[PDB]
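Here's a solo chain for you in structure tokens, the form solved without the ligand.
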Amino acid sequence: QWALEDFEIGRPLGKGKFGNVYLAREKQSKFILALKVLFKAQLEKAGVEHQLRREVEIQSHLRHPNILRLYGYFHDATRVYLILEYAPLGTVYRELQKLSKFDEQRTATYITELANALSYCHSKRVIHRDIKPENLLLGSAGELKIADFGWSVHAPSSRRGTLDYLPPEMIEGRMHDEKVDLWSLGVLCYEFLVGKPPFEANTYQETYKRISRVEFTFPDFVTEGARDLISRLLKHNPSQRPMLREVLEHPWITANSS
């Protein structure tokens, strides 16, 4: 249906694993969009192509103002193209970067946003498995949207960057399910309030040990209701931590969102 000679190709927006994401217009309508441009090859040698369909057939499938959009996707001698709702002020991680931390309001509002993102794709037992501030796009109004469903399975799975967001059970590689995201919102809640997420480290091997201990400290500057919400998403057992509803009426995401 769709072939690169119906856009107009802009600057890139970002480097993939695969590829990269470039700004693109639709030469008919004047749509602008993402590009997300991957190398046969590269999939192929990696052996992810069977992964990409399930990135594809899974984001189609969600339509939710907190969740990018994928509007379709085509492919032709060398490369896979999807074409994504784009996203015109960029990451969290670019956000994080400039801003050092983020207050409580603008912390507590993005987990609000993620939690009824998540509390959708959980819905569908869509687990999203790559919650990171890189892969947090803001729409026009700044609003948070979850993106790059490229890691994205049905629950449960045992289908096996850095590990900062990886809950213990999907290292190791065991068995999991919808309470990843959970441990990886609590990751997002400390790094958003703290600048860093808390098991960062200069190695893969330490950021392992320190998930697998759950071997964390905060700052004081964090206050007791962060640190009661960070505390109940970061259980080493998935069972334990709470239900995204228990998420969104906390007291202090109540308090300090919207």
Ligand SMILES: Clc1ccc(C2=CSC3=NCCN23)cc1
Contents of the next structure:
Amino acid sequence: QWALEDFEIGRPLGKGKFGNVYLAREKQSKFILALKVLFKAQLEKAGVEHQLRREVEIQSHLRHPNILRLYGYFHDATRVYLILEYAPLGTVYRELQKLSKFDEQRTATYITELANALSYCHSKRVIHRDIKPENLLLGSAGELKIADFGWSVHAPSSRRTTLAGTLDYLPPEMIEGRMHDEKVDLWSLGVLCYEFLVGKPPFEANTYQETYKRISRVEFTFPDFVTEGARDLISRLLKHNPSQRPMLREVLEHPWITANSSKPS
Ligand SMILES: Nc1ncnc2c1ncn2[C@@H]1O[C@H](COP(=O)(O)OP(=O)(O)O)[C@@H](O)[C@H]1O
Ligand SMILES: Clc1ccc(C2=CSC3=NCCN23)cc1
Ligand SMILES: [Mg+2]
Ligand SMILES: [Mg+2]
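Starting from the form solved without the ligand, produce the coordinates for the form deposited with the ligand bound.
Zooming out: every chain and molecule, the one shown earlier first.
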């Protein structure tokens, strides 16, 4: 149906491991969107065709204001092209580099939008598994949007494919290759909330080998400026035992959240 010919391409919006994402406008409708480009050879060399298919299937059928839309796809013997909703205010990653740390109101508001988004996902037993600042985008009114569903699945699950880069956001059960469920996204939520307030993730470390050690041991400390209510929430989500991690409904009505977030559930 669609092809390269139907689009005028604009400036680069970002780069990922496989993905190279561009601003683009559809010629007849003048519709502005984002074009995620993937090189078939690398997709094959790494054998992650199944991830791409998972990404397209899951993201196209989801509908939530805090989840990034995927409108379709096409391909052309060297490349695959994913047609995405354009997020005009960029990544949460960029915003963190800009401001160094977020205040409590900003942090709590992001956490609420996230927990709403994940709640919707878990109600279809979809687990995202790759929640981090580069994969969180911002809409025109500054609202948070989860994106990049390459690693997502239905639960329960084992990990069949190789973890490529950073360990910083993954729970103990996932790095250790065990099986896992919805609770992995709740660990990641804890990691984010820490990083939003402090400027760095709680198990950050100079080598792969050491980060692995700090995560399986749950070794983290707070700077003095982190308030008691934030400490309470984070300590509850970063539980070694998945079953001890709270439910999203509890996160959404935690006192520190309700006091500080400017958005409802
Ligand atoms: N819809 C979008 N709007 C704006 N920027 C985007 C969009 N999608 C991706 N980007 C930028 O491109 C980067 C990589 O996109 P992503 O889909 O996460 O690729 P990968 O799967 O390779 O990580 C993101 O971190 C972001 O900076
Ligand atoms: Cl190539 C292309 C062109 C348009 C759209 C679209 C998605 S939502 C929407 N509301 C009006 C048009 N439109 C998607 C892809
Ligand atoms: Mg990504
Ligand atoms: Mg990906």
